[PDB]
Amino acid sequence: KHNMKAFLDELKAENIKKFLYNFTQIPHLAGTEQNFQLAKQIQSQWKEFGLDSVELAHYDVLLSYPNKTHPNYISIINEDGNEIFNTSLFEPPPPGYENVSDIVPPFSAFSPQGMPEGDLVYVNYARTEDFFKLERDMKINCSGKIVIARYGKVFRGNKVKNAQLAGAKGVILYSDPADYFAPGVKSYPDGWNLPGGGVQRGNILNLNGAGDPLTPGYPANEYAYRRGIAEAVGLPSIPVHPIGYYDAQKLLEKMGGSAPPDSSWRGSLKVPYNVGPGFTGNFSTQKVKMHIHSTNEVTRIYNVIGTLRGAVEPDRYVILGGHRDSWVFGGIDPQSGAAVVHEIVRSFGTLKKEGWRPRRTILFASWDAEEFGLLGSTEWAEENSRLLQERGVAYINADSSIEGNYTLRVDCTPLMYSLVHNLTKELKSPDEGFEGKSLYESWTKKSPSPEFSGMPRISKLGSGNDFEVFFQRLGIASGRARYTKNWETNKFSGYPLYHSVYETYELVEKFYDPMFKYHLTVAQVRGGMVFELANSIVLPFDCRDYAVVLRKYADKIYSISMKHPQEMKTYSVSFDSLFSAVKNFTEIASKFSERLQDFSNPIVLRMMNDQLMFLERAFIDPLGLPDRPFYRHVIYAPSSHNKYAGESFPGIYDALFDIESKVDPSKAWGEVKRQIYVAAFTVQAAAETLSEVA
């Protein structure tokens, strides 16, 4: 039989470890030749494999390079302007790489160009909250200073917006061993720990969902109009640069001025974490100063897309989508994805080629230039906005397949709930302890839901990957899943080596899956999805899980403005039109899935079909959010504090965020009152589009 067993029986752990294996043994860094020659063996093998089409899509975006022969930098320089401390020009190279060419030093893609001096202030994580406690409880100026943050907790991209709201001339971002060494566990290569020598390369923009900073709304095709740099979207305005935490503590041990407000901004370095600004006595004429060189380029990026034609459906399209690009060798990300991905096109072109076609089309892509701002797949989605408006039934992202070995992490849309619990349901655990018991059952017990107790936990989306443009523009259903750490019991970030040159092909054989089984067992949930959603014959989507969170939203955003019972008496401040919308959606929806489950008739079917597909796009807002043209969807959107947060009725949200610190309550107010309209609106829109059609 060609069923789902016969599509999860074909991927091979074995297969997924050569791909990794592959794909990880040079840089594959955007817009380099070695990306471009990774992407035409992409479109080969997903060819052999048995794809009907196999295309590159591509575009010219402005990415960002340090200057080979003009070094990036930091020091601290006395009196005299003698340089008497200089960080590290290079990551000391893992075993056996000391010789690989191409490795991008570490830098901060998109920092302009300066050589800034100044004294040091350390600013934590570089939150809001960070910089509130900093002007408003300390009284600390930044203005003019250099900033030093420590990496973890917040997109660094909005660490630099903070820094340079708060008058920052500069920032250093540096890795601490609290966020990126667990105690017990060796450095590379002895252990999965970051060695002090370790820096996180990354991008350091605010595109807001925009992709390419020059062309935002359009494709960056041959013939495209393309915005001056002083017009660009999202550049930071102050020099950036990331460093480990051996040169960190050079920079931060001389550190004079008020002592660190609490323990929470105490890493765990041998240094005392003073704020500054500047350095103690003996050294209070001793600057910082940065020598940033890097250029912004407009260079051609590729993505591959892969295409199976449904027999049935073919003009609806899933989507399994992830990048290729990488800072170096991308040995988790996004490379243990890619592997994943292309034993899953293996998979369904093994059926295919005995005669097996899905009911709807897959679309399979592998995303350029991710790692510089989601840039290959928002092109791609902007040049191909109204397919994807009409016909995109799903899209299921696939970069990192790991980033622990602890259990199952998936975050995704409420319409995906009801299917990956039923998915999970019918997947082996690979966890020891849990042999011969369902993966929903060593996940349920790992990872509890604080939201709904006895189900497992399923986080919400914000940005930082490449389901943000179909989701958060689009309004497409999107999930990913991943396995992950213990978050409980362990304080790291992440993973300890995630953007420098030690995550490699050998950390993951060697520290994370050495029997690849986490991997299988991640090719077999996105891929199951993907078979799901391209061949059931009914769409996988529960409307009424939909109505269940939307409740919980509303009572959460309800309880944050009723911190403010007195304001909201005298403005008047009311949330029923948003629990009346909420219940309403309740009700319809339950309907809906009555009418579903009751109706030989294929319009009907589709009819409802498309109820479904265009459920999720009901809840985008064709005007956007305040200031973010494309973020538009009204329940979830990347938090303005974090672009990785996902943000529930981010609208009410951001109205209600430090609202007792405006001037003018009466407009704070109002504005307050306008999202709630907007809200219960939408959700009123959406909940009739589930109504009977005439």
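Positions refer to the first chain, counted from 1. Rigid core: the largest C-alpha set superposing within 1.5 Å between the two forms. First, how it differs from the form deposited in another entry.
- Summarising the superposition on the core between the two forms, the listed residues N490, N82, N282, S143 contain exactly one with a Cα shift of 2 Å or larger, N490.
- When the rigid core is held fixed, the Cα atom of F452 travels 2 angstroms or more between the two forms.
For comparison with the form deposited in one PDB entry, produce the structure of the form deposited in another entry.
The next block holds one chain only.
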């Protein structure tokens, strides 16, 4: 029989391992010839595997590269202008890769050029609250200072935006062992920790969903009109560069001025973590100087798009997508994901060769330039936005399959919760101690839901990956899944070797997943979701699960506002309309679910499959959120303080944030009330898409 079990049994750990090895021998930086060569290889293999069509979709987008003959670095300079300390020009390459060429040195993509010199201020993680603490409580002024911030806790683009708004003239990012060195594990190559010469690459844009900085709204095709650089979306205005902790120690050790305000500001290095500004007495005349010479350049990128045409509803698309470009070798990010997609394609293609087709069309995507701002997925969705919003059933992302070896991690729309619970109950746990038990059982035991006993934790989608255009701009039901760590060590930093030259095939094979069993489990979860989405007669979405979370989010946002009881009285701020809408959604969703159970009529079916498919769509507001026109989903947006985190009822959340500091409270509370109305209206409108249609 050709059923989900046939699909799942065809997936092989050994194949994933072979593909990962194949994808990680050389760097595949976006816009480079090697990444175009890999794109062509994937296109050819997906054709071989049996897909109906496999095309490259190319765009010309703004990318950023260091200057090969004018290297980026940072110095401590003395009063004569002699550079007495220089940060490294490259990470020491790992064993056996010391002759690999075209390893891009560490840099912050899209940094402007410049050579600013000044006194250092240490700003902890450079979060909104770190700058609050500096300016409001400690009275330290960052204006015209170079700030030094540790990576972790929030997306590095938000750190840079925060530093810029504080008046910094430059930003130095570094990896503190507190955040990137797990106690009792060795540094690469003898364990999975970050060595002191290791450095995390990454872009520092604030795109807010825009895609290519030069063509917001429209695909960067051959005849596109581009903005000039001065009007580009999301570029930083001050130079930025990342360093490892050997070099950071040299920059931090001489720091003077004020003490750290508390122990939450101290990392693990043998330094005081003084905030500054500037160095202690002996060295007070020394300064820090950055030298940044990277250039932004419009460069061609290539997505591979594979199609497996649906037998019954070819005009309904279930999308499995993940990126292919990497900073260096991409051992985890993204090739551990891409190897998993390759094996999924292979398995579906085996079934297709035996005569099977899925009910709905499955689209497979190998995205380019994800690392430079989700550019390949966003440009392709801008090109195809009309097809996607009228036909897009679901998008399953497929970046890194592992960031640990402890348990499953799922972030998705509430519409997929029941699908994920059901599927994981049918899959075998790969975990030691759970032999013969379901993935659901092991996952639930290791990662319990905070709300419900006997259920596992499933998080809201945030951002910083290729589902952003599909979910928060276009309103297509989206999900992601990977193996993860126990979050009770170095929390809200990912894995230590993230975006470093040390993220290699050997990292994975030796330290994360030697048997490729976690990879296989992740292929079963991602592939299984795609299979059910593309093949179930009734779409496997439960609208009642949206009703339950909407109430939780409404309680949360109400609780935030209720910290200001006097202002809620003065300005007549009521949440009644939002609770009413959520109550109505709950009642209508319950009734819709009864009809979905209680209806041989393919029009009623497809009518109801359309109501299911368009339910995520109904949370889109075509006017977008304030000053973020590409974040249109009213229930979920990336946190305005951390692109990685999701925020619920983001319009109301941002209206309430730090509201006690606004100069005009009547105007600020007016805007809170405006966002309440928008959210209540959108919830009610979404509910009404589930009512009887006539």
